[PDB]
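Model the full assembly from the supplied sequences, consistent with the hints where possible.
The primary structure of each chain is shown beneath.
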Amino acid sequence: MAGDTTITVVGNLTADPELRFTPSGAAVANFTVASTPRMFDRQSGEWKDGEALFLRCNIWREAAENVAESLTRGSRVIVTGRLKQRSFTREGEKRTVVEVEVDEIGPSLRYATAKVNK
Amino acid sequence: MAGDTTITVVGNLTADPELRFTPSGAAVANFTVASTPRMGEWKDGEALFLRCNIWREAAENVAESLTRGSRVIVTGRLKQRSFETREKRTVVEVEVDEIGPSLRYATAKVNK
Amino acid sequence: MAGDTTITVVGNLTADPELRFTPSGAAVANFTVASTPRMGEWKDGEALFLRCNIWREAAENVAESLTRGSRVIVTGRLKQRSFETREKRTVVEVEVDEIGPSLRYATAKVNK
Amino acid sequence: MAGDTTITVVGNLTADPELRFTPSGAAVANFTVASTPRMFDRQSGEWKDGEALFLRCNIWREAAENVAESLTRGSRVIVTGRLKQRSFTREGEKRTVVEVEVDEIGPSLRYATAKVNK
DNA sequence: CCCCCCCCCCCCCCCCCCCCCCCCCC
DNA sequence: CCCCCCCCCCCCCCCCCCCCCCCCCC
Numbered sequence: 001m002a003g004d005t006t007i008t009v010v011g012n013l014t015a016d017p018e019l020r021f022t023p024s025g026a027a028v029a030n031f032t033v034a035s036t037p038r039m040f041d042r043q044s045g046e047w048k049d050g051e052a053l054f055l056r057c058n059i060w061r062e063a064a065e066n067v068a069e070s071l072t073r074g075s076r077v078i079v080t081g082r083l084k085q086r087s088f090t091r092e093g094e095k096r097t098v099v100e101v102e103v104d105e106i107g108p109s110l111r112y113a114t115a116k117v118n119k
Numbered sequence: 001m002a003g004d005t006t007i008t009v010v011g012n013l014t015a016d017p018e019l020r021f022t023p024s025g026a027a028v029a030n031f032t033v034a035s036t037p038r039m045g046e047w048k049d050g051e052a053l054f055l056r057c058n059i060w061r062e063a064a065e066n067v068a069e070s071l072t073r074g075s076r077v078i079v080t081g082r083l084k085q086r087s088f089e090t091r092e095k096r097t098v099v100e101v102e103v104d105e106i107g108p109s110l111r112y113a114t115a116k117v118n119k
Numbered sequence: 001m002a003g004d005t006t007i008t009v010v011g012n013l014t015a016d017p018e019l020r021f022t023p024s025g026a027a028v029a030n031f032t033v034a035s036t037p038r039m045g046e047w048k049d050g051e052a053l054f055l056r057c058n059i060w061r062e063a064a065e066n067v068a069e070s071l072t073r074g075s076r077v078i079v080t081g082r083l084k085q086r087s088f089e090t091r092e095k096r097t098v099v100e101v102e103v104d105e106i107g108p109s110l111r112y113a114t115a116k117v118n119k
Numbered sequence: 001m002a003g004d005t006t007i008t009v010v011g012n013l014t015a016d017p018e019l020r021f022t023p024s025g026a027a028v029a030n031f032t033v034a035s036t037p038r039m040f041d042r043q044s045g046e047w048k049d050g051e052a053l054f055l056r057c058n059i060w061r062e063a064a065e066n067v068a069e070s071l072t073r074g075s076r077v078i079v080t081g082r083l084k085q086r087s088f090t091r092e093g094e095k096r097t098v099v100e101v102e103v104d105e106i107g108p109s110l111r112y113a114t115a116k117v118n119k
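Those protein sequences? They're chains A, B, B' and A', same order as listed. A prime marks a further copy of an entry chain. With PDB author numbering applied, the first sequence corresponds to residues 1 to 88, 90 to 119, in that order. With PDB author numbering applied, the second sequence corresponds to residues 1 to 39, 45 to 92, 95 to 119, in that order. With PDB author numbering applied, the third sequence corresponds to residues 1 to 39, 45 to 92, 95 to 119, in that order. With PDB author numbering applied, the fourth sequence corresponds to residues 1 to 88, 90 to 119, in that order.
Do not rely on the hints blindly, as some may be mistaken.
Said to hold, decoys possible - Capping the alpha-carbon separation at 25 Å, the derived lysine-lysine pairs in DSS-like fashion look like this:
#1 B':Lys119 x B:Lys116
#2 B':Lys84 x A':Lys119
#3 B':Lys116 x B:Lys116
#4 A':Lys119 x A:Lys116
#5 B':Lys84 x B:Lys116
#6 A':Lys84 x A':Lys95
#7 B:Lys48 x A:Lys95
#8 A':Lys119 x A:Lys48
#9 A':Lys95 x A:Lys119
#10 A:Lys95 x A:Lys84
#11 B:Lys119 x B':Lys84
Stated by the list, open to error - Simulated restraints, written as ranges between beta carbons of each label pair:
#12 B':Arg82 x A':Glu46: 52 to 62 Å
#13 B':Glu62 x B:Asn118: 19 to 29 Å
#14 B':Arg38 x B:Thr14: 26 to 36 Å
#15 A':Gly25 x A:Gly3: 25 to 35 Å
#16 A:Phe88 x A':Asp41: 54 to 64 Å
#17 B:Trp60 x B':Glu18: 49 to 59 Å
#18 A:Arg73 x B':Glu102: 25 to 35 Å
#19 A':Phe88 x B':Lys116: 38 to 48 Å
#20 B':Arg82 x A':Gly74: 19 to 29 Å
#21 A':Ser44 x B:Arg86: 15 to 25 Å
#22 B':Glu69 x B:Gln85: 17 to 27 Å
#23 A':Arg96 x B:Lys48: 40 to 50 Å
#24 A':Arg96 x B':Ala15: 16 to 26 Å
Said to hold, decoys possible - Pulled from the structure, derived: some chain B residues nowhere near chain B', Cβ distances all over 12 Å:
#25 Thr14
#26 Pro23
#27 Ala52
#28 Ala64
#29 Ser87
#30 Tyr112
Keep in mind the hints are simulated off the structure, nothing from the lab. Using N, Cα and C, we set each Cβ at its ideal position, and we do this for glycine too.
Below you can see the structure in the form of structure tokens.
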């Protein structure tokens, strides 16, 4: 219970956001946030980056057009949304992946600057 | 590149916590939290099922305190994992940091 | 402009939960979660103290199940509030959605 | 326990980010996120926006310069960080406010587009 | 610390993003 | 379902951001 399960992710888009449409004209954007744990000593005596988390994201409407206009592969982003499960297909009788249904996203300003325009 | 992705989940254990032991003898408890959105409105909207892992002393306490159907509050960090299983799939799991039975519909006698 | 700001807090009740009743007779429980960062490293880094509010049946269960020093997992949404108090200050508080005693150092007998 | 208490906030800066410095040259930016619950029926029979949450934020280093270069009063932002208490002063024997120590922030792309440049 | 669910209202108690300054501002 | 804390490993169970499509990609 307690409504949906929300989540915030920070990471980089593994690719350019795929923008697609509905016969009525509603935009939906799809992309994946690769989240790599930095300074997460895991293997040998030394230290570096840890294994990565890849979450596929969905976003709709105006924001979808903005996501596609504003972001590309490699962009560092801050994302909030809610985790949704989906039963997917072809090679997998009744597949199932988790996905984030985005509420808000933006390019992080840790290593980059940004011009904000409507 | 960015810390550990945290998550809080509230829901019900789909079963009793499976308790096991790692090679060095670390107590590990596994279980799955079924999270159902209460939600013209629907009722039984699409539930979310997350597999959880928890270690050491807490694993023992979870195994001693919780059962199938227990409503729980869980915080931890999402981790992705791959696994062969007869020559390989990839599932997201929660590495639990804290978990407790929820007090919304129940009372609890804590043994500190 | 943006939904309700949620928060999860883990820590210890600074005292026993104060139970009270609203004019219509709604059960409301208040208490404060002291959250201490474990942390060349320090030890008793600056603790965070958050006042919590919880309502109805859960308030009763909290008051029946929890005491000063109980370690708890809490989720809710941050709310700001102003108050006269002898002609006015403004404090942030958590409106609890779920709370439970943590199973990290303790076991719990849930009464579903 | 469990390390720090993290938080994600979405909202608008009540003002332009105040940028300041340290004798050594480290940038720190301060600003406040006004978070207004939208579609949160509270008073009369009708519905609209609910009462607002104002959290003062702190951010350091490079990001602080980027925040100050990129954002202004009214900007909608996504913020993640950790809640910190502080004992503040003048008119208040030993004051105390909560504050967010920002880890990442960015302009939300719900109602705006953005050019990302390093 | 259990009196029927509309809104009492104070931030004080134990080895699962860490080096650095202002009054809560629709 | 309690065998000493390094890493077993499957997403299946009840009135506190809601109108809309792909294989987990450092």
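Hints, one by one, checked against the model:
no.: 1; hint: B':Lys119 x B:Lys116; verdict: 12 Å, holds
no.: 2; hint: B':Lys84 x A':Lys119; verdict: 36 Å, violated
no.: 3; hint: B':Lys116 x B:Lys116; verdict: 5 Å, holds
no.: 4; hint: A':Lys119 x A:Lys116; verdict: 11 Å, holds
no.: 5; hint: B':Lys84 x B:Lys116; verdict: 30 Å, violated
no.: 6; hint: A':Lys84 x A':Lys95; verdict: 16 Å, holds
no.: 7; hint: B:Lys48 x A:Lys95; verdict: 24 Å, holds
no.: 8; hint: A':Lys119 x A:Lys48; verdict: 23 Å, holds
no.: 9; hint: A':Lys95 x A:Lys119; verdict: 44 Å, violated
no.: 10; hint: A:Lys95 x A:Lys84; verdict: 16 Å, holds
no.: 11; hint: B:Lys119 x B':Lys84; verdict: 31 Å, violated
no.: 12; hint: B':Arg82 x A':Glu46: 52 to 62 Å; verdict: 23 Å, violated
no.: 13; hint: B':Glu62 x B:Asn118: 19 to 29 Å; verdict: 23 Å, holds
no.: 14; hint: B':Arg38 x B:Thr14: 26 to 36 Å; verdict: 32 Å, holds
no.: 15; hint: A':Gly25 x A:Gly3: 25 to 35 Å; verdict: 46 Å, violated
no.: 16; hint: A:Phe88 x A':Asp41: 54 to 64 Å; verdict: 37 Å, violated
no.: 17; hint: B:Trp60 x B':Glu18: 49 to 59 Å; verdict: 35 Å, violated
no.: 18; hint: A:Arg73 x B':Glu102: 25 to 35 Å; verdict: 40 Å, violated
no.: 19; hint: A':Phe88 x B':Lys116: 38 to 48 Å; verdict: 43 Å, holds
no.: 20; hint: B':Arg82 x A':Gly74: 19 to 29 Å; verdict: 23 Å, holds
no.: 21; hint: A':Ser44 x B:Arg86: 15 to 25 Å; verdict: 51 Å, violated
no.: 22; hint: B':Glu69 x B:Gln85: 17 to 27 Å; verdict: 40 Å, violated
no.: 23; hint: A':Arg96 x B:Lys48: 40 to 50 Å; verdict: 48 Å, holds
no.: 24; hint: A':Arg96 x B':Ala15: 16 to 26 Å; verdict: 22 Å, holds
no.: 25; hint: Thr14; verdict: 16 Å, holds
no.: 26; hint: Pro23; verdict: 23 Å, holds
no.: 27; hint: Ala52; verdict: 17 Å, holds
no.: 28; hint: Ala64; verdict: 9 Å, violated
no.: 29; hint: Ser87; verdict: 28 Å, holds
no.: 30; hint: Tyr112; verdict: 7 Å, violated
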